Amino acid sequence: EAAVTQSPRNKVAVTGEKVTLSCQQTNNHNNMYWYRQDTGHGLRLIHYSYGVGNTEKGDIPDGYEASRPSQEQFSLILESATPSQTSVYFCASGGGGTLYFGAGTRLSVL
Amino acid sequence: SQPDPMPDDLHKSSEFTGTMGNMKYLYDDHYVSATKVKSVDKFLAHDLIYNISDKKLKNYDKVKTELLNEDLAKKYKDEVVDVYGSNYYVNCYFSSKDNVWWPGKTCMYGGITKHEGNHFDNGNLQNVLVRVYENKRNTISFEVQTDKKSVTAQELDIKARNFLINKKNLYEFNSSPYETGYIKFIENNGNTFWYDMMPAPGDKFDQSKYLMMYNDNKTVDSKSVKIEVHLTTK
Ligand code: NA
Ligand code: NA
Ligand code: NA
Ligand SMILES: [Zn+2]
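Sequence lines, in order, name chains Z and W.
Numbering of the first sequence is given in this note's numbering, commencing with residue 1 and proceeding in unit increments.
Numbering of the second sequence is given in this note's numbering, commencing with residue 1001 and proceeding in unit increments.
It is possible that some hints are incorrect.
Said to hold, decoys possible - Going by beta-carbon spacing under 10 Å, a handful of chain W positions derived as facing chain Z:
1. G1018
2. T1019
3. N1022
4. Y1025
5. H1030
6. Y1031
7. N1087
8. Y1089
9. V1100
10. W1101
11. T1106
12. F1173
To be verified - The list that follows gives simulated cross-link-like pairs (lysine-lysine, BS3-like), each with its CA atoms no further than 30 Å apart:
13. W:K1038 <-> W:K1105
14. Z:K18 <-> W:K1024
15. Z:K18 <-> W:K1056
It is worth saying that the hints were derived from the structure and are not from the lab.
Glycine included, every Cβ here is placed at the ideal spot set by N, Cα and C.
Isolated chain Z, as found in the complex:
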């Protein structure tokens, strides 16, 4: 099984639409993370979580909320999608000296 599954893998949204990205891990790590990729650069942290019912702000939290309702699931929420949020998004789960990534979500906000 894939250590981390993301859904959707591809998304086209209209400006002002509510978009939710799901990340499902299978290793039940305490820590989960949502990143967006700076095109041709690095990953930028949006929100992360230390466990169920916890979320913390990363380096670029504005425009996004997050939810950790269970050990396996970490959701990223764009309450009102803006064009600047067009990007590739990667979820990760980590713990016990491991860090796994999802295969990425391409989101386009027209």
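Got chain Z sorted already, so can you dock chain W with the ligands onto it with the hints?
Quick look at chain W with the ligands alone, frame taken from chain Z:
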């Protein structure tokens, strides 16, 4: 009767720079509830473990409730009780190591009342009035309901905050519309006590440490108790 709060006694949301969703989480459609249960285990002298299954998601099948001390735990250990309280998972532990995941388990404080003789004479509910003040003005009032004659302050508090999250955005994901807030209970005998509703200053919010205030298992008479919520803005 506890001394009433001075503005310097109250936590300010403007001084909390973390995620208010972590406080919201504890009160927004969130609680453990079970009827007619008896404890099955303990971790430490002051705690009790119950077989209670999650009725929202499937996150747990056992609940550890921590009491103030071992004598309070001994009060309830072999009793048939009902349970109602706010549960947490981060730093929910059953050994000396802090960050261990304990699958199938959740943690809370207090929330226990004897079952027998504690219900109204027809499965009926008791209303408890909550008066809400915003900048000293009573702008909104509502009732919370309980099946219990003697009900934990914790249960009433959770019900009030859940309502106020929904109707007044008491807590939002980032911050709160309110600067300060406290919930005050007024008992028939004149006794008063209150809890600070806002997180401690800084970046992190320690859910376990916040909820520890409920460990006294304080109960009130639902038929006669009064509740006031006092909020200030900005
Ligand atoms: Na009792
Ligand atoms: Na919100
Ligand atoms: Na917010
Ligand atoms: Zn009962």
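Going down the list of hints, with the structure as the test:
1. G1018: Since the shortest Cβ distance to chain Z is 7 Å, the answer is holds.
2. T1019: holds (5 Å)
3. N1022: holds (6 Å)
4. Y1025: holds (4 Å)
5. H1030: Result: holds, 8 Å to nearest chain Z Cβ.
6. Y1031: At 12 Å from the nearest chain Z Cβ, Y1031 of chain W fails the 10 Å test, so the hint is violated.
7. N1087: With a closest approach of 9 Å, the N1087 of chain W hint holds.
8. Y1089: At 4 Å from the nearest chain Z Cβ, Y1089 of chain W passes the 10 Å test, so the hint holds.
9. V1100: With Cβ-Cβ at 9 Å, under 10 Å, it holds.
10. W1101: holds (6 Å)
11. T1106: holds (8 Å)
12. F1173: holds (5 Å)
13. W:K1038 <-> W:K1105: holds (17 Å)
14. Z:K18 <-> W:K1024: Holds, at roughly 21 Å.
15. Z:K18 <-> W:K1056: holds (24 Å)
Figure legend: structure checked against the earlier numbered hints; the only hint not met is number 6.
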